[PDB]
Amino acid sequence: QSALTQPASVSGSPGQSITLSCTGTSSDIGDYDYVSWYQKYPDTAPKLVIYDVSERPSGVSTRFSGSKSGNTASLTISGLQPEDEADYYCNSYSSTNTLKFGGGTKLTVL
Amino acid sequence: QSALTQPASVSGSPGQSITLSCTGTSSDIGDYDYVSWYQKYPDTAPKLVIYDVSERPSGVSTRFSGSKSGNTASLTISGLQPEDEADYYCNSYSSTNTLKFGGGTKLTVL
Amino acid sequence: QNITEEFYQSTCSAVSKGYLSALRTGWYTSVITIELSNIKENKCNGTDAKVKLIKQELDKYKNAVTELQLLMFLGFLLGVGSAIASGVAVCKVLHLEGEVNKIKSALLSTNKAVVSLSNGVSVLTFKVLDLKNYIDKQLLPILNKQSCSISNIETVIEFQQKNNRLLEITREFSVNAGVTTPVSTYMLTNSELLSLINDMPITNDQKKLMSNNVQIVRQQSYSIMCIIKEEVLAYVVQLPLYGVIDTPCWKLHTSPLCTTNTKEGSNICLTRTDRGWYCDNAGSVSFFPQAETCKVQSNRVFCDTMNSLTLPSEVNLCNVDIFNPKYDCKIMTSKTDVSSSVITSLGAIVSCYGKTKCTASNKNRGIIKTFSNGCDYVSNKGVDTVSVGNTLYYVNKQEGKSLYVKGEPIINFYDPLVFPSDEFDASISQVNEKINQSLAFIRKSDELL
Amino acid sequence: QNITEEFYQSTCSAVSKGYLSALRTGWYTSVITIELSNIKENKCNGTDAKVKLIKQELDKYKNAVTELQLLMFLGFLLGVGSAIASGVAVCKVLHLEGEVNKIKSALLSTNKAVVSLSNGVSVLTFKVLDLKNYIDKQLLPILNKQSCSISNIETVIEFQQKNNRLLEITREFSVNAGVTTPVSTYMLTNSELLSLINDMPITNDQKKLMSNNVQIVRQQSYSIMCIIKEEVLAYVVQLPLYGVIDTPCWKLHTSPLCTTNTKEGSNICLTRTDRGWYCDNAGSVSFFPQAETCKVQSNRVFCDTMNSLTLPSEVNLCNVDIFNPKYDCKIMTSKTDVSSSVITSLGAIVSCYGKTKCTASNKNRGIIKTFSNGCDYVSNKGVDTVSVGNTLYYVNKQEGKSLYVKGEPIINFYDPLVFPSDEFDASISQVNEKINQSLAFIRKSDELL
Amino acid sequence: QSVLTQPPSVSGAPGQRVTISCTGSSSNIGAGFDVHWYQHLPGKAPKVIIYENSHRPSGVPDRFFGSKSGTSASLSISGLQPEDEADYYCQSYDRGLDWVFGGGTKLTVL
Amino acid sequence: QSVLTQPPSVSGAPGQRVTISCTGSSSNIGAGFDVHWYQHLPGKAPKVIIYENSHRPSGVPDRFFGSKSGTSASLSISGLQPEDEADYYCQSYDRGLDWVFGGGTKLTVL
Amino acid sequence: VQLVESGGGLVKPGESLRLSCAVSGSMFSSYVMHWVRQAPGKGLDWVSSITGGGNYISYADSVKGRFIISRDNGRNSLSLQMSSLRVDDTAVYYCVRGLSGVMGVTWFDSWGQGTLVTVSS
Amino acid sequence: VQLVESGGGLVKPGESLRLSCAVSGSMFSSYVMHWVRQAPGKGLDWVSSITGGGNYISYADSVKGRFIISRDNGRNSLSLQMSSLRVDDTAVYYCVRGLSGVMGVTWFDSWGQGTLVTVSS
Amino acid sequence: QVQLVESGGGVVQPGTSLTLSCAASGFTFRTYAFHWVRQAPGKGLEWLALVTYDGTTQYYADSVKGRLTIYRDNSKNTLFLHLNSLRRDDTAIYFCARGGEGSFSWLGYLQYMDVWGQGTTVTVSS
Amino acid sequence: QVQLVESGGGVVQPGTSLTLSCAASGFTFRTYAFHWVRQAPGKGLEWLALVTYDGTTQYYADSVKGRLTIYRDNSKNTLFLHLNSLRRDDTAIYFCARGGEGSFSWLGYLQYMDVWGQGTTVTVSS
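Respectively, the protein sequence lines represent chains H, C, B, G, J, E, D, I, A and F. The first sequence begins at 1 in the authors' numbering and counts up one residue at a time. The second sequence begins at 1 in the authors' numbering and counts up one residue at a time. When you line the third sequence up against the authors' numbering, it's residues 26 to 97, 137 to 513, in that order. When you line the fourth sequence up against the authors' numbering, it's residues 26 to 97, 137 to 513, in that order. The fifth sequence begins at 1 in the authors' numbering and counts up one residue at a time. The sixth sequence begins at 1 in the authors' numbering and counts up one residue at a time. The seventh sequence begins at 2 in the authors' numbering and counts up one residue at a time. The eighth sequence begins at 2 in the authors' numbering and counts up one residue at a time. The ninth sequence begins at 1 in the authors' numbering and counts up one residue at a time. The tenth sequence begins at 1 in the authors' numbering and counts up one residue at a time.
In isolation and in its complexed conformation, chain H is listed as follows:
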């Protein structure tokens, strides 16, 4: 099963910034402006965080910010809280009329 490359785990102390990312091809997360990022807690539901590359939905903090460049999409955060210890996903419309998820990225604090 092909997926999207992501870092396995990223570490950041609270009150910092992390610029996590996922990389694909042109027939992937690259272009097509269907960058999607999702948070999930263990044993609970996922939740919408980032869609349409940079635009934020309901029920999410303003400190989230999404972007993309070349064939790599990215999410940037500002001033962490302990409640963001979670795992993150990126999702896109691939060119072969299908959706494609990421490998998951763990994010924690000390």
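No lab work stands behind these hints: they were computed from the structure. Among these hints, one or two may not hold up.
Claimed, not checked - Straight line, CA to CA, 20 Å or less: simulated PhoX-like cross-link-like pairs of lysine-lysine:
1. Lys65/D / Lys271/B
2. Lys44/E / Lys43/D
3. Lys65/I / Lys271/G
4. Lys43/D / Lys47/E
5. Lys77/G / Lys65/G
6. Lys196/B / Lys65/A
7. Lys201/G / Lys68/G
8. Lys470/B / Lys42/B
9. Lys65/A / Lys201/B
10. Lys40/C / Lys43/A
11. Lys75/G / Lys209/G
12. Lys196/G / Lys65/F
13. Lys65/F / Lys201/G
14. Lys427/G / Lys461/G
15. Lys272/G / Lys65/I
16. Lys209/G / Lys196/G
17. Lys40/C / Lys40/H
18. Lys80/G / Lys68/G
19. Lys433/G / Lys470/G
20. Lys76/A / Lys166/B
21. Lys272/B / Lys65/D
22. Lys433/G / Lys421/G
23. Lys43/F / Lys40/H
24. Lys43/F / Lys106/H
25. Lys106/E / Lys43/D
26. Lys508/B / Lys508/G
27. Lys43/A / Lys106/C
28. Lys80/B / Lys196/B
29. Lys43/I / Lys106/J
30. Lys43/I / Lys44/J
31. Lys43/I / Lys47/J
32. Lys176/G / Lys271/G
33. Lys293/B / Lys87/B
34. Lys65/B / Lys201/B
35. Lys201/B / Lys68/B
36. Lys166/G / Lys76/F
37. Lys399/G / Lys419/G
Here the structure of chain H is known, so what remains is to put chains C, B, G, J, E, D, I, A and F in place on it, guided by the hints.
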């Protein structure tokens, strides 16, 4: 401004249970099955957590459970995660044709 | 007051002169909106005993709102038209999206106001009932308790007066499918209609006329169903605009004038065909062959000008002098010798011919008058009942002055038998031309011999 | 092949015997759905040069779908009816909620299938175009790229063949407002019409008839617009069911038969009034006064039985022997002496009277025939053109055998002038009764003298 | 060999009701085609019992009652009478074999 | 004293167009009531110039053109002619004062 | 369709008197009748209304019961009575016969010739 | 409305021969004509169809071109030719005149009296 | 897909009656209902107001009624509050939120805080 | 209110083709679209399938297509997946999710995750 009685802060170590509550009269949270509990994080949005006493909405863990007895409504939780460090609210239909909120309850771990 | 009529005996007919007209000629429309809450299920655990009646009340109310959701002798010369014209137009305007929201918004607290639609129509609005406040302050704070229980049953009856009206609505619009004549008080009460009379743009003497005769204008008024969406269930009342008021206008009764010939079946006779109401609107007259469209109440007539004739003001000349060279003077001729009698406002015209017993009797001195032959006329304050043929009738008993003028047998002005009896519409000019051409034909036939 | 006709000269008329009938008597409906995607805005930054045409193509497509969203001599004895009867019923069935979803669901991959609606109607379905797959695999993965840019413009033309058809739809339903006669090929191509015939519940000889004559059944067929919701835009064809096929049926032309009297205007004449088509459906005959509802193609007629007469099979007896006591034999009489000529399938009937030059000419030997007086008949393979009065006409030039039988001046069988010319419908029995009663009247008038 | 199949082994004493059932493929009957039932008494020529499954010809009893549904047609005879010893058919317009006759059921009294 | 108000100080030389405007309260005019304009030349009796704001009587010129809107009515005269020295009115059906006459504007040529 | 009327003069106020309208309309029963008055200085105002049987009398709010109106149909004439009087009643009085509108309105069509009634001194 | 026909007999198979239908219908042009055959053992089957001008000939799939049908309208008669023959052709043959349904169908109404054609030996 | 943003807010003089404007897209707007709440720094949430579909039954808190008004627009899809007589205590963050699914007007059916936005800080100072 | 709940799941033998049923209440059903995703213990999310309004354009992942099918119901408002040829790797939690607001069928418009449910654990064992 009249409100609903609540503990100011409740402390629980992770992986435990807390049975937080709010109390009013019959022309308040007492009866009327409009028990409402909400989570909120600092400087971000609130979020729907408990409504219709025991019904759960989307995007919330199964470990949440709401109930009521007499004129006191309660929320019970199971097996805490660090991400629940937040403040909680209870909301109800008062008899004088209005919504009435609570005083807020802080919840943390060590 | 001063009701009068003059029975012509030259042509046997009565002209009930002296009345006031109050004819309608226009339509006034207005929207009546009854607001209502889209109530959900009661959320009640158990049935209880005190709180039972509200349950079937609200269920029947839901049934009503869902079913009404699922709801969406001169008559041959007379015309026909669509009476439901302006109200259906206003409802059709309300079918357009975003229009009824303006009526919803502007009429929020004031009972009556003025809005303008997308065609510039700016007549009036009215809100007839206030189910928002009563439902959201007096019904559900009580009904939506845990294992629901009302405080008392004696508080429900006022809600009954807020609900039964709706129910009336139900069974008068599921059977009539949109249009109801006459308009019931349940769409619009008496005091509320009196308030409405002070609202449409009419003059104050017409307002006094409406206030004196609320039942009659209630009889003639229409109701047409508008849309039901966004819980502003509404309908247009088409209360008639009243064009002309207070002109003298008469009910012409006509009666047979047929000779009592010894040989039965050979008695030709010409009788007037002019039944109905006549009155002078502007410089012309409005004619109503339909006595049923016209209603009488205390010398006040009320009738509909859509099925009327805008005939010239020269109709009194033929009324007095039937043989005048200015009017067609439509007369029906036939050999029928029919014992027929009519009742005017202040008397009875008997026209019994041949072997027919004709008596006019009181309840005081027994029988008082006997009619042998010819058309005869009796004032109403001379008799009480009349027996003719095999039937009895009762004369009207309103106080007035009535007079009988002496006429003549006009049927003897013509030939004893040339008149055909094979037509249903003719005039004195057409019949006179027929007599002249038949005389020419018979003298030509005699000359060729 | 063997076209024939026999001009009677007793009554001047031609009977074009020998044809095959193929009359319709029923309606067969079917739903054709064209699926389509509710396309949003293109989400394109910049205009570019290669990707321009797709933009106005999809925009015009949106305009089309939104505008079509916003879309929702014996003729006096003939009857009138609603031709749009069953198709509007099927569309009305489709207006019900949850019904068209079944057609959407069952017809998912198979091109044609059968569904049943809530009234048990189970005729046929078809999906004519496949915009789902092409839109969602060939248009938007290209159109919705970041800062959009097509791979090439030469890939658009196939989409043009998937779009222009829709456009045709547009300007043929915004002008006709639901019903289009004849049916265009853009609703239904030729090969797919052949497919629908092979899917019709009809016999194989009727299938062969349809396959040979696709254009005529295309001409006579109907189309009615169904609902547009849930992106399954659809329409019903009411292509005619054909009841009876292959019975011999004739076009009766009639012509004047008027005497060439020296005194002009005193020439009474009776001429047959029986124009049109006659053929034996079951044991009775179907009569068509409308030659326009009937169409001819290679000895195959095609006509509509709704405006027909189910007259008894005794119409040939009056055709051969006009004076027979079994038929009314409707004849029109008048004093008009009109030089009139008609063209049958294999000849020309001239009936020119009075001062009128009458010549029949070829292009080979110049003029070849001259008509002095009386109704005259010429075979089509005797002449090419005919000059009569001041007008020329061209005879049909199909190979067949035609014969002229010698008749008689039937107009001389009656009195020289008793015939009235003040009626538009009469029969030989009615006219004979008129002659008998006028003879009785004149002999009575002579006896009384 | 016929696409019309009906069991030719139906028999019963006079007095009761007897049903005859004939079925075909999809192309015949179920493609909107009617079914005709005849009689085949030996000697005198066969003639129609019922046509297009509902309407009956001029001289027949009311005992015969036809019906059709899907790909199956049936004929019910209530109150059997003795001379009904015959052989009964079905008739449709299969797209292959043009006018198809059923094998027929031999009906005799007991 | 009249609910109908119009400025009685309008004058102009012959040749041009002159507008006369009269306004009332809500109860007159704006409650769906028409306005009638007359003339008041001294000597000969007053007579109607325009009735119900659109239709004109038999003998009048086409110079007079009436209009109404909201609570205001207007009369425009294009191409003034010399004998138009008059005093012009408005007339409505106020719910208080029944038939109300305006004060009138004195129009004279220069 | 013209009108004539009489009854003007110089009378001390306070006493009742009689004003007449003698319209020459040969069909004076269908058309509504009003009386108005035009005074020097201020504008004209409407005074009194009558129609048909005379069962819908109305008066201007300046005079409630002060002026008493009647008409006789057969004599085709009309009367107004000065039950109460005062200083501003001096005016040229108009008997004005108006037609009926499409709704109900009086257009105040062809007028009388006016009679001056003066109440000064 | 009755029918008569002839042409039966015992013939060795292989050679062509002539079967006739001589329907006494005085109006034998509007009604569709079929020929069928009933054989001992197995059931009856339809053989051939004709109507009107005879331009819509059809045959049973057992006989493609083996049987050749024609009719003459004026003589009100009909012919079938046994171009090809075989062992199962022995049957009682019916000239059957059928009426037209509301849709298109032949009801196979009033029949012929049948002629046995035997091809054994 | 549910989305909200906000406009206005910031430093306001005492008094200085203010209109606050919300914004929404990505979903149906005319159907559901919207409502306004606040919370101050150091204090919890307290209810302000609710409206239903169209302009009808403008609901208000008992301690706020008269001081605040609310009106919504179905043409450009914006919530419009307007507050008056601004005291010192109103320094708070204001949140748009949404509730109600069917066309209901009763306040009890309108108690669902199904989504939220970001709100706006409003401060009073001199 | 918005919610989804789940049924089915648990211990399944290898093979043993299974129908999984979702449930929903408190909002509009026929308008929007629902879809299915999974995630395994130790592995991330991976897409399974999407349907639109009614039964139309059943989309599937490239590594799943043919094995699992999806069909929805508009009478009782329940999502029905049915999977076949169950391997060892399918031990995972399955999540209902929702997307699409207007009546669209293009998959790019149907990529939105507005809400989520709780899913169900499905395990294979012997």
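Checked hints:
At roughly 19 Å between alpha-carbon atoms, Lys65/D and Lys271/B fall within 20 Å of each other, so this suggested pair holds. About 19 Å separates the Cα atoms of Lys44/E and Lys43/D, which keeps this hinted pair within 20 Å; it holds. With a C-alpha separation of about 19 Å, the suggested pair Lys65/I and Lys271/G falls inside the 20 Å cut-off, and the hint holds. About 19 Å separates the Cα atoms of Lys43/D and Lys47/E, which keeps this hinted pair within 20 Å; it holds.
Taking the CA atoms of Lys77/G and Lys65/G, the gap is about 17 Å. The hint holds against a cut of 20 Å. Our distance criterion of 20 Å between C-alpha atoms is met by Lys196/B and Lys65/A, whose separation comes to about 19 Å. At roughly 17 Å between alpha-carbon atoms, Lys201/G and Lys68/G fall within 20 Å of each other, so this suggested pair holds. The straight-line distance between the Cα atoms of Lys470/B and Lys42/B is roughly 18 Å, inside the 20 Å bound, and the hint therefore holds.
Proximity of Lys65/A to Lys201/B is assessed by CA-CA distance (about 17 Å); at most 20 Å being required, the pair is judged to hold. Among the hinted pairs, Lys40/C with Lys43/A is consistent with the structure: their alpha-carbon atoms are about 13 Å apart, no more than 20 Å. For the hint linking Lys75/G to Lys209/G, the alpha-carbon distance of about 14 Å falls within 20 Å, and the restraint holds. In summary, the hint linking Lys196/G to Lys65/F is supported, as the alpha carbons are separated by about 19 Å, within the 20 Å threshold.
Between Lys65/F and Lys201/G the CA atoms are separated by roughly 17 Å; this keeps the pair inside 20 Å, and the hint holds. For the hint pairing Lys427/G with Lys461/G, the CA-to-CA distance comes to about 14 Å; that is within 20 Å, so the pair holds. Simply put, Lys272/G and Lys65/I have alpha-carbon atoms about 17 Å apart, close enough for the 20 Å limit, and the pair holds. A distance of roughly 19 Å separates the Cα atoms of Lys209/G and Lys196/G; the hinted pair therefore holds under the 20 Å criterion.
Pair hint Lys40/C plus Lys40/H holds up; C-alpha atoms about 17 Å apart against a cutoff of 20 Å. Restraint check: the Cα-Cα separation between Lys80/G and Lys68/G comes to about 11 Å, which is no more than 20 Å; the hinted pair holds. Between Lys433/G and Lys470/G the CA atoms are separated by roughly 18 Å; this keeps the pair inside 20 Å, and the hint holds. Proposed proximity of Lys76/A and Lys166/B is supported: the alpha carbons are some 16 Å apart, at most 20 Å.
At roughly 17 Å between alpha-carbon atoms, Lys272/B and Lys65/D fall within 20 Å of each other, so this suggested pair holds. For the proposed pair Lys433/G and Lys421/G, the alpha carbon gap of about 11 Å is at most 20 Å, so the pair holds. With a CA separation close to 13 Å, the supplied pair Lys43/F and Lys40/H stays within the 20 Å bound. Between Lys43/F and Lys106/H the alpha-carbon distance is near 12 Å, which keeps this suggested pair within the 20 Å criterion.
Taken as a hint, the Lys106/E and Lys43/D pair is honoured in the structure, with Cα atoms around 12 Å apart against an allowance of 20 Å. This hinted pair checks out: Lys508/B and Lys508/G have alpha carbons roughly 18 Å apart, not beyond 20 Å. Distance hint between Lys43/A and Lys106/C is fulfilled; the C-alpha atoms sit about 12 Å from each other, no more than 20 Å. Only pairs whose Cα atoms come within 20 Å are accepted, and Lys80/B paired with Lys196/B is accepted, the gap being roughly 18 Å.
Proximity of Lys43/I to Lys106/J is assessed by CA-CA distance (about 12 Å); at most 20 Å being required, the pair is judged to hold. Proximity of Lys43/I to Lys44/J is assessed by CA-CA distance (about 19 Å); at most 20 Å being required, the pair is judged to hold. For the hint linking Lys43/I to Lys47/J, the alpha-carbon distance of about 19 Å falls within 20 Å, and the restraint holds. The hinted pair formed by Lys176/G and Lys271/G meets the criterion: a straight-line CA distance of about 18 Å does not exceed 20 Å.
Among the hinted pairs, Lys293/B with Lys87/B is consistent with the structure: their alpha-carbon atoms are about 15 Å apart, no more than 20 Å. Only pairs whose Cα atoms come within 20 Å are accepted, and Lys65/B paired with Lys201/B is accepted, the gap being roughly 16 Å. Between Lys201/B and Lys68/B the alpha-carbon distance is near 17 Å, which keeps this suggested pair within the 20 Å criterion. At roughly 16 Å between alpha-carbon atoms, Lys166/G and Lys76/F fall within 20 Å of each other, so this suggested pair holds.
A threshold of 20 Å between alpha carbons decides the hint, and for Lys399/G with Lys419/G the separation of about 16 Å falls inside it, so the pair holds.
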